[PDB]
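Just one chain is shown here, as structure tokens, and it is the form deposited without the named molecule.
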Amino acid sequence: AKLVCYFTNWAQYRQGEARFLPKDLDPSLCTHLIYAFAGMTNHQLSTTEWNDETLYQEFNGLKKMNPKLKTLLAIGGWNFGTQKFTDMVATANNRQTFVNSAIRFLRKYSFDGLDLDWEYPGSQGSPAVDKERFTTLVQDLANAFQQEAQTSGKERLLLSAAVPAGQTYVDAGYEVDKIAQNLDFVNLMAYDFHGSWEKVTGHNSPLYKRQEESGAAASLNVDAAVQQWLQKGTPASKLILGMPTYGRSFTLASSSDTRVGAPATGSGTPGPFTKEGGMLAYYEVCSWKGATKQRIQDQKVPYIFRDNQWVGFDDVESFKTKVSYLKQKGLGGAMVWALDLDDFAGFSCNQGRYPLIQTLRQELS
């Protein structure tokens, strides 16, 4: 069973206790560590932070203390955009340029593979033609990795991809059945289902729909997201269920109505450390004094509120429930976004180091 965990390039800038660097990783916590994110320069895989080279060494250096640990480098992300992916996959010449650089890059810093985080083919400015070209990109990487294994005598580089849950994005850019064959595993982003971009309160990652939810809305949940990727061709053993170590917040129209689906004037007050409205790290949520925590019976996930702030998030129980769910579905394991959002150093929730992720590690085995 896999436990895929995401490390983020910018967590090193969080202030005080929240600061996160490779030295803060637990080498046995997860089975696979994915470094996010790498960029692209002239169709070639490239760094995005002044110290990625130094951090790469530290990151992959952990394999010396745990040879079984597998690391991948994730290219893309939201900020990165779609254009560079778009122009790169338009020609066989640029694709080969990208593939060859990836190989050299990965082997150079000792990464075990590449995680594709293009967000997303066929959307966000990306032409619908990118749907098939993405498939072709996946194939080229797979073929090249296949050959490089014999030419180098090293373990075949791994290939994975972080994929959206929404039917809109999935239909627009993913030939599920075709790419699933070539991807070693699929990291399903089963979160961001609801957020401050909606004028009503909703949970970031609920397992099931609300009994009074229907139509498109009844598709905004983990279970529906998993069934879609399975039904479209993803073999269960390759589908990795993503879980959030963060929650999404809202500012209530009135502190008087804290019901799920209650009126929201906007994003919740940004967290002291994460500094982004509408989002909070788990270590910021459990750092709430004089709040009222309640669970959504239907969706199996909690949410808390205080004054006019409302945040739906995941906790030990919810994670335990989703793992239980994951097993019933026979999936390949769990994925986590992100390492730096859980209380990695037990400085806030008084539940020890990595309360959430350690829970996943215990349950998965």
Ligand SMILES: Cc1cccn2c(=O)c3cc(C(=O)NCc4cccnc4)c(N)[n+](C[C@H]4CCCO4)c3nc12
Given for the second form:
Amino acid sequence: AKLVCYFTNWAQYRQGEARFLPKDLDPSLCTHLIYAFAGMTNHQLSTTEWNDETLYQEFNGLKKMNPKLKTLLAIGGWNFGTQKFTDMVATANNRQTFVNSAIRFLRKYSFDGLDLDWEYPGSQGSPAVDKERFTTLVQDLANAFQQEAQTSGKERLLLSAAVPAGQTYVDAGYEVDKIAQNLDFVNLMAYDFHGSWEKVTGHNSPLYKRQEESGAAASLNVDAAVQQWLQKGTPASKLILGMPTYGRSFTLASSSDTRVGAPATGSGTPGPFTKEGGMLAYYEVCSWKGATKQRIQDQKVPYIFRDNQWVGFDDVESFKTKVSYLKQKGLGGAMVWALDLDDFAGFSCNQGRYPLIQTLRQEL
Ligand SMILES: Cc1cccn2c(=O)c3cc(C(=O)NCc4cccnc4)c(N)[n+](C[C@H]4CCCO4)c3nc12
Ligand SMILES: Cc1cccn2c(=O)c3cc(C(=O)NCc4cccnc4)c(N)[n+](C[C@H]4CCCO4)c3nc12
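What does the same protein look like in the form deposited with the named molecule bound, given that the last one was the form deposited without the named molecule?
Entire complex below, previous chain first.
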């Protein structure tokens, strides 16, 4: 099995003990480490932080202690947007420029592969033509990686993609059957099913539906997303089940309705370290004082509330339940967003280093 873990190159700016650098990585924790994110300049792979070259060296240097470990570089992400992807896939010349630059870039810095994190072809302003052009891009990369292995005699560069769970995004952007053939693995973003964009509380990453849910709302859960990607032609061994080490938070309309589905007026208060309303790191929720934690029986995941703040998150138990699920489905492994949102240095939860991700490592 695979345990695929995302590193983020802006976690180095978190305050206090939440600051995360490559030295905070455990080289044995995961099987695959993915560096988020690279960017793009004139259709060519580029860095996004002043110290990326140094961090790349430290990141890929972890393989000196664990030669089984594989690293990948992720291009894209939310802030990157879509326009630069759209322009690069628009012509065969531009794709060739990108593909050649990716090979040189990954080999220069000692990455083992590329993870595609376009959010998303066919959506967020990307035109409908980008669905098939994404398929062509994946084919172009896969073909060029295969050819480069014959000329360098190194292990063939890996190609993965982070892919959405929501059927709207999947059908707008993803020829699942065609891209899954050319991807080494598929990192399913099985989270963000609910959040403070909604008018009622709901869980970030429930495993199953609640009974009150029917129709398209019965698809806003991990099981539905997994079934969709399997049905549409992803081999189970290539489907990697994403799990969140963060939760999504709400401000309740009234402290007098605290249920799942209770009215909410917007995002929860930003966390002291992550400072983004509507999400909290596991280490910001695990040690809430004076709160009430409960499990959503149907959905196999917890929520916690205190006063008018309500958070759906994942804990050790829900991670255990989801690994049991992925093994029953014969999936290829688990993926985690993100290393720096677990209690990576045991500073908050009194559970040791990486309590959530170490749970995955033990159960896989
Ligand atoms: C507004 C929004 C609308 C629709 C989709 N959206 C995202 O799909 C999304 C993703 C991310 C993200 O980081 N993906 C990284 C990642 C990479 C690989 C694996 N797993 C995770 C993101 N930061 N935002 C914006 C923050 C700020 C406010 C809400 O959420 C996102 N917003 C949106
Ligand atoms: C996955 C996801 C990840 C991170 C953030 N996300 C959103 O911030 C989001 C917002 C909305 C939304 O309605 N924003 C309007 C609105 C904005 C502000 C207040 N109130 C309302 C949304 N629909 N999705 C799911 C997509 C998926 C397909 C159909 O829509 C969203 N997903 C995500």
